[PDB]
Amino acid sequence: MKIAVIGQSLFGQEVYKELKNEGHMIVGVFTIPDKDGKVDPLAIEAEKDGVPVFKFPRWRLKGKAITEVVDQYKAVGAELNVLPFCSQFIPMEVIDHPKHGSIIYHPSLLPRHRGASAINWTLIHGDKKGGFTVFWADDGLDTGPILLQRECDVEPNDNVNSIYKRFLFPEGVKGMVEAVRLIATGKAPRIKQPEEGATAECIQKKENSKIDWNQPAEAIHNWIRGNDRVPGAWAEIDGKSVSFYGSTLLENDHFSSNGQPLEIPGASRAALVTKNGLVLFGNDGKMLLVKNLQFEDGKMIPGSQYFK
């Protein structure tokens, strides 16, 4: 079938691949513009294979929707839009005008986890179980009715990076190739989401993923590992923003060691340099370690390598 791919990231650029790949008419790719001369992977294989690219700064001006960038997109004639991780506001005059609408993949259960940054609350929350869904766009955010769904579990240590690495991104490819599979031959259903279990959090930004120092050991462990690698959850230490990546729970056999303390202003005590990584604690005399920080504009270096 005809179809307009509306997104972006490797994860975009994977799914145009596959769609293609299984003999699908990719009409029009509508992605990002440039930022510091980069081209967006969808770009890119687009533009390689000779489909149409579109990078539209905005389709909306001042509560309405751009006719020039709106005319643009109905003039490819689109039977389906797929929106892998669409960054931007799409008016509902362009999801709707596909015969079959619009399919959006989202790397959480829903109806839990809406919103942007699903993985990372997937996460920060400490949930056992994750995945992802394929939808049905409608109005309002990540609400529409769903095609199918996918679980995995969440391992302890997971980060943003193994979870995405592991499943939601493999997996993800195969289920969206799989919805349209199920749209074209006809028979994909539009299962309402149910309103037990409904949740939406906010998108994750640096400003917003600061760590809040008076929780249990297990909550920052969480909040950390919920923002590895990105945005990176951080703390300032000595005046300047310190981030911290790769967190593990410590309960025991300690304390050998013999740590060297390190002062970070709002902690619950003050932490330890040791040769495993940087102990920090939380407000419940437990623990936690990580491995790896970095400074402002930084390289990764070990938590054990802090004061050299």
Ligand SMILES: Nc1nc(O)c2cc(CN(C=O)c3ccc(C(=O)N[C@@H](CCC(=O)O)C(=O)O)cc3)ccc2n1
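Rigid core here is just the name for the largest C-alpha set that superposes within 1.5 Å across the two forms. Residue numbers count along the first chain shown, from 1. Compared with the form solved in complex with the named molecule:
Remark: with the core as the superposition reference, the CA shift of residue 257 between these two forms reaches 2 Å or more.
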The other form holds:
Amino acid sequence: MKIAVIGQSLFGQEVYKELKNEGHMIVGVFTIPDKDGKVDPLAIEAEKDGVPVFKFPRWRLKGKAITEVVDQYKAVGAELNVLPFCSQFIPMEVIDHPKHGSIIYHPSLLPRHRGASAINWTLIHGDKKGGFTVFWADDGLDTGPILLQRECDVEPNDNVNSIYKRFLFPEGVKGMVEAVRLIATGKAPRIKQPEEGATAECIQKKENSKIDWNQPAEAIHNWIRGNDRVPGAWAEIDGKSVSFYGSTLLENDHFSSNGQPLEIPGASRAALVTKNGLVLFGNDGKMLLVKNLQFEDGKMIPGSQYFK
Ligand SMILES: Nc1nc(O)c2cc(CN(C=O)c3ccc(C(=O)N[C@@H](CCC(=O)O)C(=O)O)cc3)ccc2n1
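Same protein, different state: after the form deposited without the named molecule, show the form solved in complex with the named molecule.
So here's everything in the complex, that chain up top.
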């Protein structure tokens, strides 16, 4: 069928590539402008194929969509919009245009974790299960009827990158391709999202990924892994903003109080720099271990190396 792909990143590129390989006519790719150095992976693959690339800035403003952004979109004659990873909200004029409407990839088990940082919040809340949903776009934020959903176990030490790479990305691509196949064969469903279990959270950025030390250790571990790698959980240490990556919970033994103490303002008590990383304490007397640290405009350093 005729498809407009609206989105970005490696994920949008892989979905584009698979749909093209399945015989679909990609009539247009609508993506972010270069930054301004690198061209987005999706525009690169599209032009390599001879497919109309668009780099619109934003569609909405003053409560409204333009006509110059709408009209260039409508020209390509899409029968379905596919929104693999779309960094912004798209006007209903665009969303409702094609005969089949629009489908969106969302890396959570909707109606849980509506919002743009769903993977982060899945881990921050310490959910045992996670996954993704392909849903039909409506005017609300991640509220549209479900086409399909796929589920996975969240591992205790999963960070954003590991669950994404293990499951959300590769299976998300297959889910998007399957959704289109169900649509093309005329069998795709529209399951209204249940009321029960709905949540929505804010988008995670550097500023609001600051660590709140007054929480039990498990909560701090979840907060850290839930913001690892991006935006990167952080705290003030000795005047510097320091980011924390690679958290695990640390049980036994003592332990080991053989590190060099490291004072962290607001921490329930001083941290310990050990050969295996930075031991941190929650407000419940329990411990977590952080493998890697990072300063502003700096490389990753092992927590074990803080004092050298
Ligand atoms: N009509 C419609 N409906 C949805 O549910 C959409 C979901 C998504 C995917 N998404 C899931 O949370 C999402 C991603 C980003 C945004 C967003 O508002 N992004 C801006 C913030 C505001 C803006 O500039 O638009 C940004 O780049 O940070 C909203 C929703 C994308 C487009 C959608 N369009």
